[PDB]
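Engineer: Residue strings, one per chain:
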Amino acid sequence: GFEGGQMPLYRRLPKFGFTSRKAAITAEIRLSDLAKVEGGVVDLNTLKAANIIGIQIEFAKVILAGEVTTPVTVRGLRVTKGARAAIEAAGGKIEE
Amino acid sequence: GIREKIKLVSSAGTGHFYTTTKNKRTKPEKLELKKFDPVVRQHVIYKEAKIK
Amino acid sequence: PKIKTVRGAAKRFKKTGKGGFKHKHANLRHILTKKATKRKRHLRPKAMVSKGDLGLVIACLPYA
Amino acid sequence: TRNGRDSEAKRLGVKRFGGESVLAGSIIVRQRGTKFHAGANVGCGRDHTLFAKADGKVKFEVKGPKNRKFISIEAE
RNA sequence: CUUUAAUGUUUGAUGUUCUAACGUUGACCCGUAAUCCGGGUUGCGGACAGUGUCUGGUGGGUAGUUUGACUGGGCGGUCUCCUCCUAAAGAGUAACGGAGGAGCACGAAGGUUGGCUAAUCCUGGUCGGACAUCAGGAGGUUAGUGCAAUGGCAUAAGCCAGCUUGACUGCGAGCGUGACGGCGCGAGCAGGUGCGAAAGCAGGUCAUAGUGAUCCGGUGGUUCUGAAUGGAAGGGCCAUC
RNA sequence: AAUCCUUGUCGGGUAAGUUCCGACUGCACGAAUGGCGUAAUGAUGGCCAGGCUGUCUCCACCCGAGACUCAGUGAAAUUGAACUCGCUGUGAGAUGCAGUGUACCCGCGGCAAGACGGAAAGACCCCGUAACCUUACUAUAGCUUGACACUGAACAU
RNA sequence: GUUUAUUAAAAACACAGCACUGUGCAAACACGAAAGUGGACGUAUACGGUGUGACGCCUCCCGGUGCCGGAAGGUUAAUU
RNA sequence: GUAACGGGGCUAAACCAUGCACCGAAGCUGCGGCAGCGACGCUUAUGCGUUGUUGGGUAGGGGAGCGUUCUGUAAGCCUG
RNA sequence: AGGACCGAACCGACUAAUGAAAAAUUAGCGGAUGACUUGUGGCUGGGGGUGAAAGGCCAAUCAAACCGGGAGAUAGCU
RNA sequence: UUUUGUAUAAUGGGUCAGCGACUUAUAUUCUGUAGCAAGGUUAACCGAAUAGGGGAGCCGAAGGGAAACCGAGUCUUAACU
RNA sequence: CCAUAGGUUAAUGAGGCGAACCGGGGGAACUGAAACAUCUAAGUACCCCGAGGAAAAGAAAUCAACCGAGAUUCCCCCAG
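Residue numbers (the entry's author numbering), protein chains in the order written: chain u, 49 to 144; chain k, 4 to 55; chain o, 2 to 65; chain b, 10 to 85.
These aren't lab readings, by the way, just hints derived from the structure by calculation.
Some hints could be false.
If you anchor each label on the Cβ, the simulated ranges turn out as follows [claimed, not checked]:
1) 137(u) x 60(o): 44 to 52 Å
2) 26(k) x 107(u): 55 to 63 Å
3) 4(o) x 22(k): 41 to 49 Å
4) 105(u) x 39(k): 42 to 50 Å
5) 15(k) x 141(u): 44 to 52 Å
6) 38(o) x 30(b): 57 to 65 Å
7) 23(k) x 27(o): 21 to 29 Å
8) 65(o) x 76(u): 47 to 55 Å
9) 4(o) x 51(u): 41 to 49 Å
10) 27(o) x 13(b): 25 to 33 Å
11) 64(b) x 141(u): 54 to 62 Å
12) 78(b) x 8(o): 16 to 24 Å
Beta carbons: idealized from backbone N, C-alpha and C, even for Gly.
Modelling step: build the complete structure from the supplied sequences, incorporating the hints.
Structural biologist: What follows is the structure, encoded as structure tokens:
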């Protein structure tokens, strides 16, 4: 980013935003990844064990991505509407 | 650039303000115009205050 | 050694889904009262980086 | 000397010509005065910029007693 | 409350004296065969002087640097923006080519409704004259445009008056113009307004100059964030300097 | 004048003097970054005279050391390769191109007009975002100011 | 007298002399983080610095910049 | 140094006009050869009949190779 | 008597012409009892010394010695 | 060699022989190629051991927003044709 | 005056050299920032003191996050 002596593109443009420390401990979980665990019950801990989310992860959503066939009990996790619907269809249970 | 700048503040009691210029030599009296407050979403009287 | 990121660049740009780069417009920072409101409004939203200076940005930000 | 100065060229002039199909919004002419006047389905901006208000073919024509140039849009 | 006096006690500074810190490059004694040094006695000085830490001043004594480019090198002139010409009837187009302007103004000089039409000259007319104001005419924009020039302008964009805040907030099909940063034009949609009987017009001004990226901060709003938790600070976002 | 105009003007000196000496509108002398004098001194600057002379008119001869030849020894800078002429043009100053003229091959002694000869990556000039040398900026040693410390005791205002 | 060893010997430097100025002795000043040393085993008829440069006749302006003295007021640090 | 046709020379071997010949290049054509890139169609060893066309080249881009030393293949193979 | 005079040694280096010589020669030239010259030893060190001052001299090197190191400094230049 | 341009009288080379200049490491991207493929791959280390273990991690399969958050959507805005 | 300083003996240890590594005391500049001063180079080069076969560090007035870990050192990640 040296443009002769003209003020380079980065320096021209204003800085913005801030980093969220809470974003680094959240996670997104596909529907496909609910089968990867064992026991048919999906906690954070379980996910971690199954190497789906990672050790420093306090929070995790389940997104409508891929597809779930087996019935699953999602526990202590956020779920999107679509994802939730999918889970229901599969024959699964959801709980806070 | 003798013509100084000022801010018309909303009498709705919101923070909202417009900003503008005025010639303070020729026009000593305060500027009061009926401008649209977008927080209230109504046209309110806006009174001149110091830009600071 | 690992490539170091240009930290300023990182601050100023965010990579998008198709490998683009969004950025905040210039001219909406101070000296505002004189600027027409429409212009200001236009400036507000984030803007994609152009084809010309894309390369430079990329160079600056190897880890994106 | 006292004479080095000049301004940036403004790229005025007829942008779309006779018969050119235009999308509504498109600028037909940039100009200083109303060298061309706004005719049917053409708007005149604050800087006298004539622009299509409808999708169609540009149509230059002389009209009125003063014999003024008028740009219209023919329907399409 | 204005203004002081009384009794009780409390910091600030101001010199005079002292002798015990400290000084002694005064004297004598001893280590010692020793003009160093130390110890001892003593005189003088004395809480100063002088040292450390902090602090203002002074400081080419010394150090590190900077000291623009264009330019038929220096000196002079220039550097951003607007208008015209050069520019070869789309756009664009150089020269230390030819000519001029800008670094604002205006709460009306903006919006809208209603109305109006200029310069100059001639003839007549109190003071009144080449040139005020008033009649009759010729003239036809030769005038006017807040300021340069160009292009515009009578449906006036020129001149008067009434009511007003659209010099609105969120957006924006689609175009123009730039290497980019950006700059510009914009019908329409939502909300809420003003003028009008209404159709409508209004997101500043006849248009084109009146301007300055980022960083760093400042002010107001905003629970977006808040490093164990609750807050806060700081940060973000919107407005603005 | 250790004064641009300027070889100022007048006088002296010379047949003739932009210099020299003496005098009379200081471009821009001047009083201890001294003014004006000054005997003596000077490998000091300028000018004039006597003497002297090959300095010169204008060179001549002679004596030695080299140069030349023979024998012995034996360097150097330079060097793209050379079968290495003149002229007029051309190409921006021609041994090498064009046209033309001249010229048998090879030494030796001489001369220096050219080979933009040799020598030193121009010293001038400019450029490029080194070095040393003020009231530029920023610091700073030093000097200086106060506050606290080492630092205590009385008494008065 | 001195001077650019190796293109400059001079009108340059020095000089005796002159003047200003500092310095009271643990002197000013200089070399030294300091101890110390020079100044000087000197003491204002001495020592340092600056300029001028034998001898003779001489030698207005304090507004500017320095230095010296003053301290009434304004402004002004650490500290509080 | 002729030195302002390249020279000789020229009264046309100059100039104008019309015409028909010829010379004249690495242009075009002829014959032979190599290579690139496309078309179609073979029926294949992933290239072949062919068939068009292209092939000056600095900076530079792309493609395909030669050779050198060393390791394996190699206690192999060549070599008094 | 004398930073007195003329003049050898000795110290110098004004003019001249000319590798044996990385500053000499020959012919002349200045000082030559002094602020002279010279032998031996000593001391002063690099932003430092020393300097009758020329930016002179400090080992044929000086507007900041030499040696080694940072170091393959950097070189939008050849 | 450098140049708009060099027989140039612009640079460099007296000749020969030898040596003399785009490397290496680690990151990152794109191309080819091989593996496996919604998966791919392990690092240190253990293991006398180029095996095998080791999946700590990394990249990918989801994005939008400054962020909370939402999520095949999301941000914008009171709300979007 | 006693004492102490000092003095003479005796015993024990030290001293100096050595590649790198190690801990501590001091500590540049070129360079980069396309200039330059904060910054960088870099606590590098260098100088000095001390030690050991290794040194240093080390047994939480440490992290963590309402769950827990359990001295130091070193390697790969975390992460440019």
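Engineer: Given a hint of 57 to 65 Å, does the C-beta separation of residue 38(o) and residue 30(b) actually sit inside it?
Structural biologist: Since residue 38(o) and residue 30(b) have Cβ atoms about 34 Å apart, the given range 57 to 65 Å is violated.
Engineer: Is the distance from the Cβ of residue 137(u) to the Cβ of residue 60(o) consistent with 44 to 52 Å?
Structural biologist: With a Cβ separation near 48 Å, residue 137(u) and residue 60(o) satisfy 44 to 52 Å, so the hint holds.
Engineer: Does the Cβ pair residue 26(k), residue 107(u) satisfy 55 to 63 Å?
Structural biologist: holds (58 Å)
Engineer: Can the suggested window of 21 to 29 Å be confirmed for the beta-carbon pair residue 23(k) and residue 27(o)?
Structural biologist: Holds: the Cβ-Cβ distance is about 23 Å, inside 21 to 29 Å.
Engineer: Cβ-Cβ distance between residue 65(o) and residue 76(u): within 47 to 55 Å?
Structural biologist: Violated - the Cβ-Cβ distance for residue 65(o) and residue 76(u), about 18 Å, lies outside 47 to 55 Å.
Engineer: Within 16 to 24 Å: is that where the Cβ-Cβ distance between residue 78(b) and residue 8(o) falls?
Structural biologist: Check failed, 58 Å falls outside 16 to 24 Å.
Engineer: Taking the Cβ atom of residue 64(b) and the Cβ atom of residue 141(u), is their distance within the range 54 to 62 Å?
Structural biologist: Hint holds: Cβ distance 56 Å, inside 54 to 62 Å.
Engineer: Range first: 42 to 50 Å. Now tell me if the beta carbons of residue 105(u) and residue 39(k) are that far apart.
Structural biologist: holds (47 Å)
Engineer: Could you see if the CB distance from residue 4(o) to residue 51(u) stays within 41 to 49 Å?
Structural biologist: Between residue 4(o) and residue 51(u), where Cβ atoms are some 20 Å apart, the hint is violated.
Engineer: Take a look at whether the Cβ-Cβ distance between residue 15(k) and residue 141(u) falls inside 44 to 52 Å.
Structural biologist: holds (50 Å)
Engineer: Is the distance from the Cβ of residue 4(o) to the Cβ of residue 22(k) consistent with 41 to 49 Å?
Structural biologist: holds (45 Å)
Engineer: Quick check on a hinted range of 25 to 33 Å for residue 27(o) and residue 13(b), using CB atoms only.
Structural biologist: Hint holds: Cβ distance 30 Å, inside 25 to 33 Å.
Comparing the model with each earlier hint shows violations of hints 6, 8, 9, 12; every other hint is respected.
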